[PDB]
Structure formats: C-alpha cells, structure tokens
Amino acid sequence: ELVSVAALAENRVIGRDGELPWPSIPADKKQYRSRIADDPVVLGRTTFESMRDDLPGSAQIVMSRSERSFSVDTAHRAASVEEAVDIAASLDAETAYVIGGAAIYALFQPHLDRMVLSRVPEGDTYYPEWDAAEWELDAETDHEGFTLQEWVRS
Amino acid sequence: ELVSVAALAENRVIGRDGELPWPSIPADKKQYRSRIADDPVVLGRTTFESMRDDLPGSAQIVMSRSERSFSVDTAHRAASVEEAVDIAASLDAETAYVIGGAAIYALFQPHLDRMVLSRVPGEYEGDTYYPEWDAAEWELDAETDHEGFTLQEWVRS
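Line by line, the protein sequences are chains A and B. Following my numbering, the numbering of the first sequence begins with -8 at its first residue and continues without gaps. Following my numbering, the numbering of the second sequence begins with 14 at its first residue and continues without gaps.
None of these hints come from the bench; they were simulated from the model. Accuracy of the hints is not assured; some may be wrong.
Said to hold, decoys possible - DEER-style ranges, computed between Cβ atoms:
(1) A:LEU128 - B:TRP151: 19 to 29 Å
(2) A:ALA124 - B:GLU160: 28 to 38 Å
(3) A:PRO17 - B:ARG78: 28 to 38 Å
(4) B:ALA102 - A:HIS102: 29 to 39 Å
Said to hold, decoys possible - A short, non-exhaustive set of chain B residues, derived as facing chain A with CB atoms under 7 Å:
(5) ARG78
(6) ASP86
(7) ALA88
(8) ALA92
(9) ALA119
(10) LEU120
(11) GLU145
(12) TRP146
(13) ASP147
Even for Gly, the Cβ is constructed at its ideal location relative to N, Cα and C.
Construct the entire structure; sequences and hints are all you get.
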C-alpha cells in the first residue's frame, strides 16, 4: 500500500518559503523517520538532495521531471505515479511512503490508501484536501507538539 | 484566479482508458467549450496532442515534464503550478481554467479558486477520477439542471 507521512497545520499548510511555519517538534521528527525507515520512500528531487547526509528509507523513488542517474545505490528515478509504484513493486515492497514535497503530495493523494498526518495546531505550500466522510480515522494518538492521525480509505 | 472545468459521473469518474464512459451530452460540450473560449487553458500534453484539430481557449499552457518545441504560435509549456500561473499572468488573463487530465486536476486542486463541475447522473466504470474535495472548504455558488447533466459552480468557502 501507498501511504503519505505529512505534518500540517489547521489551514493545511505544510511549508512557508521553503520549510516549516512552526519551530522545534523533535517528537514529530523521531516519529516519521522511524515509520519510513525500512520501506521505500517517494520524494521530490530537491528534498532528496536536501537529505544527502541522512537518506530516508529502504530505498528512494525520486520524482524528477528530468532523467537522473544518482550516486546512491538505493536511489531510483520515477517520472510518474505509475512508474514509482512499479519500482517499489520490483523492490518487493509491502508498503511505500510519500514524504514530500507539496507537488508530490497532490499528485499521489488520489492513489493513497492511508495518511499519517501530524496535526499541528501563515504559508504558501499545502497538503491536499481530503474527504472527511470518505476516510475513517483509524488512530488518533495525542503527542508532544502535535496529534498523530492514521486515516484509512473507508 | 485558477478555476477548473470538468464533467464526472457519480464515483467522480471522468474517464475510462481513453475517453468519456458516458455517451452523448452536447449541451455539456457547447457550454464547456464556450466557457473557456478566450481565456488561457491549463491542460496536459496528451490532452493537448489529442485536441490538435480543435483547441479550447486563446492560448494553451501545456503541462509537461519534457521541455518541448511547439509549432503552434501560442501554446506555452509549464513545469509546475507556479510557472503556469506566471505565464497566464503574462498574458494579462483574468481567469485560468484547468481542462485536465486526471493528474493535472490533482496538481491544481489545492490552488483552485473555483470548480465548474457537470454532474453526469449515473454511476459508471472508469479509472481516471476528478479529485476529492473537503466539504468544509467549499461553498456551492450555483447549481442548474440541464438535459443529461447538472452544472455546479463551487466557489471556495
């Protein structure tokens, strides 16, 4: 299954300028990074290179509008949602996570099975709006700085 | 203002592996083609390609990965929502429409200002869908019955 990890405020903002409107949240950062640590990740090309020191999962399916060969042996290039899913399927992935950024989210949201949202309580980039009546809140653990929600399709 | 125009059955289906899944409705097509007639139209490369004999507004902002040469005097290229708004800002346009396909409606949904949606009335089988939208975020500006569909104009809250 296809699932996205995202931390977003009440107005659905995920980013202002470049990154976070909000400050600290290491509770959040421990959480998501543990979550995706052993399964394939799907990410924008700039987020990939913004994490060259500490790469996000089992592998990385990198969304590029351009053909790219990578340094890392675990990095892959996908040009579409379909191609990404095929790469993860060739990896024998059980699940693959969509961690950012905004264009990638919008793009994958129609194909998403589950959503691990960190509800944070003014910006330009956004997490896509979902139908509240067509997703069941599977879990809602209260945490430090935010409140983690896993949302499944009905 | 960015505004989409789409026709979907119940299930939000907008197609089946090539074309419309529902048959007739030329009152849809007349009103949709005339709607977008003069303003710029945001659309995909394959949707543009297929529409080459007709072509929907006065200038077409073609959303594609590849940087492409287009020998059509006004049919621009875009690699993002942002670039696509810049180019319509450049053409002095008031309104920019998203004609789609499915991936493009998705990419433009968090930026939309309006949705102009024709609700074709039965359930159909498909594979390409128009995106879901939160009930709390959108207000229904108007809704009219016509033959074979009902056009809805949804403004954001």
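Verification of the supplied hints:
1. For A:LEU128 paired with B:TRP151, a C-beta distance near 21 Å keeps the hint of 19 to 29 Å intact.
2. The given range of 28 to 38 Å is respected by A:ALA124 and B:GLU160, whose C-beta atoms sit roughly 30 Å from each other.
3. Look at A:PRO17 against B:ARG78: about 36 Å separates their beta carbons, and that is inside 28 to 38 Å.
4. In this structure, B:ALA102 and A:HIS102 meet the distance hint of 29 to 39 Å, their C-beta atoms being roughly 31 Å apart.
5. Hint on B:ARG78 holds. Least Cβ distance to chain A is approximately 4 Å, under the 7 Å limit.
6. At its closest, the beta carbon of B:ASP86 sits 25 Å from a beta carbon of chain A; the interface hint therefore is violated under the 7 Å criterion.
7. A hinted interface residue such as B:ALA88 counts as satisfied when its beta carbon comes closer than 7 Å to some beta carbon of chain A; here the least separation is about 19 Å, so the hint is violated.
8. For B:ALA92, the suggested interface contact is upheld, since its CB lies about 6 Å from the closest CB of chain A, less than 7 Å.
9. Because the beta carbon of B:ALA119 sits about 5 Å from the nearest beta carbon in chain A, less than 7 Å, this interface hint is met.
10. Checking B:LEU120 against chain A: minimum C-beta separation of about 5 Å stays under 7 Å; hint holds.
11. A cut of 7 Å between beta carbons decides the hint on B:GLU145: the least distance to chain A is about 4 Å, and the hint holds.
12. For the restraint placing B:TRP146 at the interface with chain A, the shortest Cβ-Cβ distance is roughly 6 Å, inside the 7 Å limit, so the hint holds.
13. Look at B:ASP147: its Cβ gets to within about 4 Å of chain A, closer than 7 Å, so that hint holds up.
Comparing the model with each earlier hint shows violations of hints 6, 7; every other hint is respected.
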